[PDB]
Every structure is written in C-alpha cells, then in structure tokens.
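In structure tokens, one chain follows: the form solved without the named molecule.
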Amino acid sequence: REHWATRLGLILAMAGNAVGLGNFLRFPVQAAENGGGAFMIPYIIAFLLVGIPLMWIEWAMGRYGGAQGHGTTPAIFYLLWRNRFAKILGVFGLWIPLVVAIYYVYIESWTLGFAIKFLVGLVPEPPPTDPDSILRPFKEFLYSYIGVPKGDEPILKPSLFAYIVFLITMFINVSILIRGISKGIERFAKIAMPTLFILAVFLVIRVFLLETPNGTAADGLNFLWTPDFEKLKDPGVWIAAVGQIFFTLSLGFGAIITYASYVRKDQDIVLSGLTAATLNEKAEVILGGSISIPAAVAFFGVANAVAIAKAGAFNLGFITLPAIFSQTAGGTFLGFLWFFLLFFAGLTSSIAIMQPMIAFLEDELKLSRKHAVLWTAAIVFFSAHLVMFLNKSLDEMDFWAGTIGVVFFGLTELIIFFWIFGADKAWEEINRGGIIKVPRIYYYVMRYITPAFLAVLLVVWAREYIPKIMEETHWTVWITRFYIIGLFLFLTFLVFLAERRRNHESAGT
C-alpha cells in the first residue's frame, strides 16, 4: 500500500483536502445569511463538539483500515462491525464523495474558466455609480458562461468555453491522481497550499484597503465578529453552523478516512489531525471571512451585503466580488488572483473527493491505479452532464449528498466506531502512536455529546425543514433523485462483486 512520504506532506495534503471552495465561497454566504457574528458562536461550538472529535475519529478509522489494506467505508465498516448491514451503510462512504465530485469539479472548472478570462482581460466593463449598471455586466457574464435559462424550460446551456474548461479541469485532476498518493497528491499539496496561503493573504490585504462613502472593510469585520446572543436560541442558525463545519472539514465525505488510510499504522494522528483541522479554520475564518464580506460591506454597507449573500450561493463570489474589484486600479488582475485562488482551493479538494472511488477500485476490485483513476474520471465526467444541463440539479445533489448525507454519515461512523466497535477500543485506537493524547474530556464528548448533538440536530432538521422540500419542488428534481439513487445501486453492486472476488480468492489460497 502507498504511504504519505513525509509528515509535512501528510499535513498539507489533509489541509488541502479541507481548505476548499467551502472556505472562500460557502462560509461567507452562510455567515452573512445568519447574522454574521450571530453565526460564529454556534460555529465555534460546533467546531469543538463536532468538528474536532469527528476529525480524530475519521483519521483513526482510516489508519485502522489502511493497516489491513482497506481505505473505504464498505470494508472499514465491516472490519469494525462484522455485519452485512455494515457493508451497505458503508456504501454511503463511496456514494457521497462520488455525488459531490459530480458537482464540485464542475464548479471548480468555472473558477478556472474565470481565471483564464480575467487573466486575458476578456471580461465585462461597467459604465463608470448605479449599483446595478456595474453589477449587471458581471451577472450576464456568469449567466452566459453556465447558460442560465432565459425561458420556461429548466434547461441550462453552458458556453462551449465552459464545456472545454470542464474537460481541462478533469484532465488536471487526473494528471495529479494518476501519479498516486506521495508522487501525486502529496507533491501537489506542497506546492498548492503555500501558493494558496500567499494569494489569500494578498487578497485580504488589498480588500482591507477598500473605503467608500458606504463604509470600510473594517465594517465588514465588525459585522462578522460581533456576537448576537439573541440568536443562540434560533435552531436554524445551529443547523447552518453544523452543516458548514461538516462541509468545511470534509467530514462525512469519506475523504478524510481514505487519506488517513495511507498513514502508517504507528504514525501519529492526534496532533496531525488537529493541525489539519486548525489550518482549515484559520483559512476559513481569517482568510475566507476577511475577503468577500468586507469587500461587499465596504462598497454596499451591511444591509445590502447581507441581501447580496441571500441572493444566491454564487452571487457574491462570481458576480459581486469581481464587480467590486473592477472599480479599482488593476482590478481585473485582482479578479484573476481571486479565481486562481479559488481554483487551487477547489483542485486540492476535488482530488481528495475522487480518491475514495479510486481507493475502492484499487483495494477491493484490484484495479491498477491507472485504470481506477480513469474509470473514476469517466463516471464523474459522464454524470456531470446532468449538473451541466439540468437547472437546479446541482442544488439537488448538494442537498442529498453534501448537506443531509454528510451529517447522517458522520453520526453513522461515530455510532459504528464508538458504540458498536467499542468506545474503549476506539479511544485506544485514536490515541495509539499519538505525539499528544486526546484530552480525557473528549472521551465523553465523543461517546455521549457528539452523537446526541447530531441526533437532535437531525430530528429538528427533519421535522421542521425537510417536508417543505419534498412537497414544494419542481418535478425535475426527480430526474436527479432517480439518477443518484441509481448511482447508489451501482456502487452496491460493486461492493457485492468485491465480496464475490474475495470469496473466490480465499477459496484458492
């Protein structure tokens, strides 16, 4: 089995797993929609009670499985719980990352397409004060790129450029993955992460210089870091905060587990896990938090910025920020730097989300790395046509896999590891080889607090939020639901085939 070559490489790869579009696109919107500073208390609390403990659990499960030649959850769940149902539950650890890959790589490709166009100056040009005369050209720019519907049909019409750029993006992902763990992902991480940090810091500095009749970037920071204890009672904010924690730390995606499966059996995971998690949070709250929101508030004031944030998930990052930059000298190049940053952030995350499928094909079906990477790319590429052409298909996948799925799977993996496998055995497995030990208190958090926190969260979520979605959606949501259910059935069949190959193999040995 492959192993990470160096401790630094392991850390930067894991940090690259985490630090993604979620830090720079998702976090600012989530925080802005939820009162800014009012979002941060629940967010910090979720990091401590969910983010940290689950991170350690996934590193431990991955390392544990890797020692026996397994990196994905169908096998790993079965090692922890010798029951047919463990294998079936384990399928979600292949299904979630596959579905997420299907829309995440597409969005990643947009950032590359925008970077290219901004670099070469093929961008819109607003009419030099109206907040709409400047924004409209950038809205139309995004709409033409991805092909937003102009009529009644729920169909998207992406530009030829966007389509070719997606192909290029897939090629770049494959070029890294095909080289494997140490020579591919690890080597790229050592180049991408420092680049990512430098670009982000530069952008923060530039944004911090923004001042208009409507305010300064300082006003944006104050909105984000001023608590509102009257929101600590709103369940919606807690759900948002926990959802962001999962998404941001790559928890429940099967991605941390698979990376950790390449950590040597004896190697520390306590300090490494904590370090990766902490690096992500710094990139999120300090870097991601200090770019988009302050820029928007500086130019539009808080009320308008919040309204922009609620407007859509991509409005702030693909329309508003570049429009704001365009009002400044060298703003087109600043736009390039922003999208280049997003691309490297996306890329280091997308190689992580496709590795579980690759590991399963290698580990369980005994495919060569070459074949495993290429077939994985093929399935993602083919499937992405749904997200490229059917309006709101992206939203549907992001809901079932990237939102509900990850939280559900997080609770599942914790129950299996800390309840079925054995709390004391799990505790011992986590700490084994630790450069530091996990604080004793976290034993009771993991065993009692985290599961109960998530269980209540999911129930409240399910009672007062989900029914609206099932009842109040356009019929086309069923196209995406049908397809991703088929994907689950497909992966279940592959797990079945893996069992049969193993049985026939043992009969020969």
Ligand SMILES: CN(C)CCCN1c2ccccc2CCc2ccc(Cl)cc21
Second form
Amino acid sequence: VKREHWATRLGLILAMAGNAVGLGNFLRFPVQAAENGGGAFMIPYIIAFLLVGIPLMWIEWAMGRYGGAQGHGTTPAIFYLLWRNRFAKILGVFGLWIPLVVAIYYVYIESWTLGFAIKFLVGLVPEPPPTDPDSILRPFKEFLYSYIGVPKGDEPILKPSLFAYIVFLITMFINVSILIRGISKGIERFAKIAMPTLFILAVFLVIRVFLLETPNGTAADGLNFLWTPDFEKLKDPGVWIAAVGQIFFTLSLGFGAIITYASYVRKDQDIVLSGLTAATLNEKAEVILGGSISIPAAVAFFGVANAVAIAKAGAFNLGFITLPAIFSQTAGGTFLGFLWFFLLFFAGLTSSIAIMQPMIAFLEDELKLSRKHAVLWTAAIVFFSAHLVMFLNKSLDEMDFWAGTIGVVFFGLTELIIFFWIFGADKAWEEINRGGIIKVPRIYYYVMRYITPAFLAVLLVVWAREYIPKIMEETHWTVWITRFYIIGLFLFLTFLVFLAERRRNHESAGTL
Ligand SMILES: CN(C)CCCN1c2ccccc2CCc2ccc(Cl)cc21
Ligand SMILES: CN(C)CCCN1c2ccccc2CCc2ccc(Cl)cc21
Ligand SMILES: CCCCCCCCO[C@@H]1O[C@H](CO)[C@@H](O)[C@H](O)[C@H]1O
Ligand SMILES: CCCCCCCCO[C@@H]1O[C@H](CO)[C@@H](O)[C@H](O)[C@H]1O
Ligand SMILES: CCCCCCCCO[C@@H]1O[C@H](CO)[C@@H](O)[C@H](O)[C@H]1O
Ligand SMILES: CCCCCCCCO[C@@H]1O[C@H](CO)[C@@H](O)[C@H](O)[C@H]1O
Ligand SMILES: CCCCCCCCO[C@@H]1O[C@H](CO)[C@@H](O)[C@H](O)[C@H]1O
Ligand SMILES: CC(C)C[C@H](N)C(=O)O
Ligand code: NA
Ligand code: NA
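Structure of the form deposited with the named molecule bound (previous: the form solved without the named molecule):
Zooming out: every chain and molecule, the one shown earlier first.
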C-alpha cells in the first residue's frame, strides 16, 4: 500500500479519544487530585493543560501526520526526517521504548479490571459483614491482595493467582484480536463501539454515586473538595510536578502513541480541530466523569479526611478496594462493581492498543514485517516482559516512573525542541496549521516556542534535583532488576533501529 488511513473523521476522533481516555482518567486522576488537596491540584492542572497539554497534542499530531505522509509512523524515523542527525534516531528510540515499557505494566493492570469484572459479574466477591470501616474494607483488600499475590512475608516477590494469570493471557489475546485487524477495521472499528459504551457506563456510575449519602457526607461534599480553590499551594513544586505528570499521562503525550496514530491521518486532513477535540473529550471524561465517581463516593462514605488518607495509602486502593467496598453496601452493589470494572476494562483496552501500535508501526514501516507478524511479535515481547511486573514487587512502580512519569516529560521536551527549534518554529507552525479546519490561536506560537519548553525544562531540573536522588538512594535493591531489564529493552530497540538503517542502505543500493 502506501499507508493505512483512518476511514472516517468520527472514527479518527473516537480512536484518538480512546487512546487518551483510559485508566488514567478513572484511577490515576482521582488519586493525584485527592492526594494533592483536591481543588489545590486543579489550578496547576488546568494551567498545565493550557500551557503543555494542548500545545504538545497539536505538535504530536503534526509530527505524526508529517511522518505518515512519507511512510513513517514512529519517532526513530520521524525525528530523523525533522533533523537528519544520527543522534535524532537514537533519541527517537524513546518513542518506542516508552510505549513498550508502559504497555508491559499497563496491560497487566488492565487485565485486573477484566478479572475483577468477571468475578463481580458472577458474584464471586468478598462478603463484608454488618458499618466499622475496616471490617468493611479488609475483605476487599484481601481480595485484591490474593488476586495479584501481594507479599505476605519479607521476600519482594508477588504470587499472582492462577485466575489472574489466565485473565492476563485473555487480555493479551483481546488486544491482539483488535490490533491484528489494523487501523480502520481494527482500532477505529473498535473505538466506535467502545467509546459510546464507555461514556454511557461512566454517566450511569456518576448518577448512581451522586445518590450516595451517609452520616459522614454526600457525593456533593466530594465535588466541593475537588472543585474548591486553595491558592496557598500554587507555590508548591510537588503539586505542579504531579499536575503536569497527570496531564502528560492522561493525554497520552510523550508516549509516541499520539504521533503514531496521527501517522495514519491523510496528509491533507485537519489536525488542529481534531487534536483539540480529542484532547477536550479526554478532559471532560477525566474531570467530569472520572472526578465525579471515586472521590465523591469515598468522601460520602468516609468524609474528606479519610478519603484523602485512602488515596495517599496508595496501591490501587481507591479503585480496586475502596470503591467496590462502598458499592457492596448498596442494593445491586456487586453489579455496580461489575459495571465499574467493565468501564475500566474498556477504558484500558482502548488505551493499551494505542501504546502497542508504535512498536507494530515500527516493525511494519522500518523492518517491513507484515501486520500479522508485527502484531504477534509485539504481543510476545509485552507478554514475556510482563512477567517481571507480575512477579517482582515494585517493578510496576519502577517502570511507571522511568517511562510513564519522567520519560514522557523528557520526551515531550525532546520532541518539542526537535520540531519547534531544530526543524524550525515557522516550518513547524506552518505544518501544524496546514489543512486545519481552524487555525491555532496565534498566542500559542509563542507558547510552543518559548513557554512550554521553559516550563518543562524547569520541571525536569526540579525533579532531578529534589526527587530522583531519593528514588536512586532510598529504594529496595530489587529496583535494579527492573532498571537493568528496561535498559536492556532500550539497547535491543536501538539494535532494531540499526538493523532498519542497514536494511534501508541495502535496498537503496538495490534501488540503483
Ligand atoms: C458487536 N460486535 C461487533 C462487537 C464485538 C467485536 N469486537 C471488535 C469490534 C470492532 C473491531 C474489532 C473487534 C475485535 C474483537 C473484539 C474483541 C473484544 C471485544 Cl470486547 C470486542 C471485539
Ligand atoms: C504507586 N503504585 C502502587 C501505583 C503506580 C501505578 N499507577 C497507575 C498506572 C497506570 C494506570 C493506572 C494507575 C492507577 C494508580 C496510580 C496512581 C497515582 C500514580 Cl502517580 C500512579 C498510578
Ligand atoms: C514464557 C516465560 C515463562 C516464565 C515463567 C512463567 C511461570 C508462570 O507460571 C504460572 O504462574 C501462574 C500465576 O502465578 C500460576 O497460577 C501457575 O500455576 C504457574 O504455573
Ligand atoms: C474466565 C474463566 C477463567 C477460568 C480459570 C479460573 C482459575 C481460578 O482458580 C483455579 O481454577 C483451577 C481449575 O478450575 C483450579 O485447579 C485451581 O486450583 C484454582 O485456583
Ligand atoms: C522477571 C520475571 C520472572 C518470572 C518467573 C516466574 C516463575 C514462576 O514460578 C512459579 O510461580 C508459580 C505461581 O506464583 C508457583 O506456584 C510455582 O511454584 C513457581 O515455580
Ligand atoms: C522477578 C523474579 C520473580 C521470581 C518469583 C519466583 C517465585 C519462585 O518460587 C521459588 O522458585 C525457586 C526456584 O525454582 C524454588 O527453589 C523455591 O522453592 C520457590 O518458592
Ligand atoms: C496560554 C494559552 C492561552 C490560549 C487561549 C487562546 C484564546 C484565543 O484568543 C484569541 O485568538 C485569536 C486567534 O489568534 C485572536 O484573533 C483573538 O483576538 C484572541 O482573543
Ligand atoms: C499511556 C496512555 C495510553 C494512558 C492513557 N492516556 C490513560 O489516561 O490511561
Ligand atoms: Na486519559
Ligand atoms: Na482508553
């Protein structure tokens, strides 16, 4: 062919919206917000969306469409197209490494939601007794802990239940069944089914939650806590780092995923309005839907102070333990739990296929593998690698940090510098607006060229100076097992880019 292309504009928008709308909206956002003072988190969040989220979204859509027009959907080649320096290809490897590493733990978490959905649907759930908080949360904590196999001793090892393992296998098979059908007949087709389902399930859950009321509060108290400003924290670096990190994660920015999806957009197609729409749809799903489910429910039943303590407790407690526990105290609560996990599963699935496609696109575009082989090998690498996340306690956290937290911010800055500084601000601006149904507001030219990069640069330095040291000095030794492995993955991916180069050289000397 030349390239596969999104069939319809609606399919394109829903596929991109599904790329973005995932576990980050319903699980990550609530914890981050509650953990950072709720309303106090929102100001930096909104600012990050305007100064970082929106501008980078347009930039990645532009880079992808630009690359696609020349038959390239991933950063190793696209970065090179924008800056013909071998170093561009190496920096580009992060556009394959980040999504791959994130997929290695993201699909596993996604599989938990399918496993929970299954168990809640058939009623194989814990039975709490008769209004102490712990006698109520404990059965659900044990339920999660037995599912993933949390360490009961001193060894930093996890023991996933057999059901969890088999469900991960099924989950991988489901991701493959969609990806193996390609862009239009696979990802786009699925998005047209999943997004509407996702929206309906989420609205229903918000409505149900809004009816919650106990001696400790109502869902309204939850919304008040999340949407009430606290200008006295606008000066804490930590809240800003959390806010910006969430924006990157929730919009799928810096993962090379938006770029790859955009590489299937026809060269002439608009990306300004489409990009803004995908981004806007994600924010609504995040702040309106995701923000209105778990926090209001937790606050209604336990009050703000306890809700916050829950979010800070961590380990998927809010979404996999607390919410289902709360639901169990209501009529039809087990089924509500099913709907919650089913919602999470579809949110995750539409996002995981998005972070596996970069590796698939690279194998197809640069190594010329058939889609079938590219999808199967990608799945094999993710499946194999995930065993590290399934059996080594904290490996998931380590990957989520280096690739999904630090990595994306670093890559976002990198792609911006390459596209807006090296490739050329005016050429980049031109490329972004080309074919647009609407033009990017002019003030954004200055935001992209000066504000965004300066913003990310400062964030990254603050990170390396007052946070990375603790992570490098105060963690259990087992973190090095994961660091070693993912560094190895980077090395391997660089080797593949080298092979792509050599294949390119040999076909050019065969093109003459
Ligand atoms: C009414 N049916 C069209 C929906 C079931 C098909 N579907 C689907 C839809 C569009 C494009 C690819 C795929 C692949 C198979 C698959 C796998 C899992 C799920 Cl959760 C849905 C699903
Ligand atoms: C601290 N870890 C136990 C958890 C890290 C995983 N993670 C994550 C990663 C992918 C998808 C959903 C979620 C939900 C939980 C959550 C909450 C806050 C943060 Cl900042 C990360 C985070
Ligand atoms: C292909 C790479 C394989 C690495 C070793 C994988 C071992 C998986 O082993 C399986 O794990 C499940 C969940 O913990 C258990 O329920 C099964 O009984 C066990 O056989
Ligand atoms: C979606 C269907 C998943 C079926 C796998 C369920 C695994 C849950 O549990 C396992 O089931 C096995 C066979 O029933 C038993 O031999 C194991 O002892 C038991 O732990
Ligand atoms: C870095 C990833 C390494 C994965 C190696 C997994 C080896 C699996 O090991 C197996 O796990 C089962 C369930 O936990 C146990 O029941 C078996 O006794 C054990 O041998
Ligand atoms: C990241 C690696 C996680 C590994 C989890 C391993 C759980 C293994 O289980 C252990 O395997 C050993 C060797 O087979 C046996 O000698 C032990 O008796 C057994 O408990
Ligand atoms: C920090 C980023 C803020 C983005 C808000 C942009 C609001 C758009 O602002 C509008 O842009 C148009 C096109 O440039 C101008 O013609 C209008 O006069 C201006 O009000
Ligand atoms: C890594 C990304 C695909 C994650 C997705 N944007 C989410 O919010 O879950
Ligand atoms: Na999102
Ligand atoms: Na999604």
